[PDB]
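Q: Once you have looked at the hints, place chain A' with the ligands on chain A.
So you can see what is in the structure, the chains are spelled out below.
Number of protein chains: 2
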Amino acid sequence: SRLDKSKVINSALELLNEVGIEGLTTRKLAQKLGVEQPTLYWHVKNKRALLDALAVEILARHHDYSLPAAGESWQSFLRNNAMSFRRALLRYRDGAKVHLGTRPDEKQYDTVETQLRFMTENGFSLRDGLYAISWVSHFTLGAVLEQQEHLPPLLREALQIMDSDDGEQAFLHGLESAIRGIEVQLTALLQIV
Amino acid sequence: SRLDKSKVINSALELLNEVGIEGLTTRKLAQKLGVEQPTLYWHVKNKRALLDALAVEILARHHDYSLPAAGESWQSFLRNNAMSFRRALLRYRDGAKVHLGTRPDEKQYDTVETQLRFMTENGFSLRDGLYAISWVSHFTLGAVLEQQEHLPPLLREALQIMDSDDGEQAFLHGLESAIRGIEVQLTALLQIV
Ligand SMILES: [Cl-]
Ligand SMILES: [Cl-]
Ligand code: NA
Ligand code: NA
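Note that the protein sequences, when read in sequence, are chains A and A'. A prime marks a further copy of an entry chain. Mapped onto the authors' numbering, the consecutive letters of the first sequence carry residue numbers 2 to 151, 166 to 208. Mapped onto the authors' numbering, the consecutive letters of the second sequence carry residue numbers 2 to 151, 166 to 208.
None of these hints come from the bench; they were simulated from the model. Be aware that a few hints might be false.
[What the hints assert, rightly or not] Part of the chain A face toward chain A', derived, beta carbon under 10 angstroms:
no., residue
1, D111
2, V137
3, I176
Quick reminder that beta carbons are idealized off the backbone N, C-alpha and C, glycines included.
Okay, chain A solo, but in the shape it has when bound:
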């Protein structure tokens, strides 16, 4: 009904699944909604505006582990947050590309602030706390982007394991390797590690 912000966004998310991020246009949204382009332009000025809104919505609907639980270890937080971020990005076609193409908003910023506070209370310097969250982000993004976009002996015989599964195993394994690296760096303090 018909041009509520929430309805434009929901039709635009449907459209995103049909046509992908490069195909998504305000012209096709207006057609989908049954409305003339000037009518829609009142509500959504351009594709950049649209895409910004979609990015926010994807995370608001699906990124349910954005914040640490009470008593939770920093390791669990990063593991749960990473898994949640990946799931959220995998829900819509080109979901990672939508996330990438947008500047953060007051939400992301506010959420990241609480995450930095959390990490610092657990012994991280601001910088290592920030490097940690960023790395998990970059790693999760790269994995999903590769998953969503799309012969020699050894590569063959390993691929029978990488391909009965859509990236999760590798992602989860790499995530544990990083976490343990952070644990080791954290615990070393001023010592050579």
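A: Chain A' with the ligands alone, transformed into the frame defined by chain A:
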């Protein structure tokens, strides 16, 4: 001169820097080259073909640490290869997007085969060897993609450090955390770690 494969690719790389990946079109390449569209179509059928060629070329020109040196430790290999991959992707506008949007070729495949052999001779199972290389890839890709695409207390006071530098420090730090994670998993063998 004028439509050699190598000359089409070099003009197309120049064009990529001017207009970016979504703007890049065979129509603008033909204009740049001074040739009619049917003439160019003989040589390059479509943008997908073009982009595939560009992806290969970027790595061939700049990804100079694709293979391990004689006597090199697996840790050095992953560190040097990662740094090389990131540098190569940062050379052209939308370079990571160009890399992402392409299926690998006989080169990438052949190179990855030699990397798997290398990793396996250093104690990695095929799967952990493969997970390792993939993670480094995903992490490097995510970082560069974020770098190439584009206020609360603690985020502020950390950002004065993340932003006098274009991602390298964070990237290098996260890379060491992963490597140490792999070292720990490698060394544990069948023990609880
Ligand atoms: Cl209605
Ligand atoms: Cl000439
Ligand atoms: Na973003
Ligand atoms: Na690729």
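Q: Would you mind marking each hint as holding or not holding in the structure?
A: To see whether the hints hold, each was checked on the structure:
no., hint, result
1, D111, "holds, 7 angstroms"
2, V137, "holds, 9 angstroms"
3, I176, "holds, 5 angstroms"
In terms of the numbered hints stated before, the structure departs from none.
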